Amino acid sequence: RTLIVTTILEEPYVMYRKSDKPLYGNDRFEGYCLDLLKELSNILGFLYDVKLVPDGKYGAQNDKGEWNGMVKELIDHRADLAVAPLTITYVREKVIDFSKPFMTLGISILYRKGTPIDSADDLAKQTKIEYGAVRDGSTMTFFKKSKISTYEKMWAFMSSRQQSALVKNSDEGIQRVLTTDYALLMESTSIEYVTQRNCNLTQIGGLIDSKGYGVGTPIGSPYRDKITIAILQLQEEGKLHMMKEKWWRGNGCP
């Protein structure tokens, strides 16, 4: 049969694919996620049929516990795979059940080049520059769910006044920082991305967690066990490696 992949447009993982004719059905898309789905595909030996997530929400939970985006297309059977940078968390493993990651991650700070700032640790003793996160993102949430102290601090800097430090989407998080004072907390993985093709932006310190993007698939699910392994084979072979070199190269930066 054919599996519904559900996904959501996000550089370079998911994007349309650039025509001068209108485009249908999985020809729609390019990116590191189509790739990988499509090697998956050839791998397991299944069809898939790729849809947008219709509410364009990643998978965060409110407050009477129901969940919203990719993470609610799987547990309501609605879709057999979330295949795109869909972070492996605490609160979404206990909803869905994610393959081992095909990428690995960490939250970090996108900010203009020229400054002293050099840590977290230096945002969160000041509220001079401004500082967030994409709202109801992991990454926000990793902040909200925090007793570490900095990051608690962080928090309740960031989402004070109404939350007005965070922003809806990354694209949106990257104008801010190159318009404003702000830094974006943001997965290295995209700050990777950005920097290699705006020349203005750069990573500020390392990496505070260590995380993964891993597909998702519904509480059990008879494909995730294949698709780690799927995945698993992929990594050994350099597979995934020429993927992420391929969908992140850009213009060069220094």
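Positions refer to the first chain, counted from 1. First, how it differs from the form deposited in another entry.
Hinge annotation between the two forms, restricted to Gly173, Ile208, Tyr32, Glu73, points to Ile208 (rigid-part boundary).
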Second form
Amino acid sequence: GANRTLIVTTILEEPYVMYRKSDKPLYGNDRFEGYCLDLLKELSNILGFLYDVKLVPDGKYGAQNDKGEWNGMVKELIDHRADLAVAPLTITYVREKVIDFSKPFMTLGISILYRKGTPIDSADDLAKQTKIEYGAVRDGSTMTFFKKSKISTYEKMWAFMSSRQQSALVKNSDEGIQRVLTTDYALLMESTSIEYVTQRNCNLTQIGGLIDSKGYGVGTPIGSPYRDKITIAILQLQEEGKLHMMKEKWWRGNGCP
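One more: the block was the form deposited in one PDB entry; return the form deposited in another entry.
Only a single chain is listed, so you will not see partners or other molecules.
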């Protein structure tokens, strides 16, 4: 409706959403910059909606209580306190049962963060061996995937990183990067994050194809009239190659040898 302004829930995450810096006072949506803002601007332009960006108040993506209770941007959608979530919000089984997702505007998975010029080319290569230690941030989506996987190779990798846990499982992504940087360690991690780090640590590389295929989708409340239009606009933008440039724009470092 022409009257209505859509509330867009989102979350602070480099480089999707960041407070912008400026020599002049900023207001409203203008206070933010980033990939997700560009995406939003493009979607708004195509669909004709006006929007109002609000950080999710608990600052979480959206997970479920041991007691079936949701938080994060997911909870905002369920309660119709937001019309859209535009953020690196992973499409998953549990989430898709409580809210509606547009098709992925970004497609990703788990990948390997490691050094250059080694025989290592895949998870399989990692799994087939023990001399180079590999792992994940403790209790991350990446680690959770391995823990829960019924796929032989991954089952083997989990046994590995759980067996060496004090070593193999790191506190957070920062410490994990340092491990790769400081040790003969390979870090499994959400591919997009790996790609960001790679553009800024010239002696790091992203190894292998993508494991655990998944996408980021714009979240909507079940039944939302906008979801379908948003899928179409996303595809339009992929068609025009515009998503690739947006990715490029916000992921690019300042050069790498």
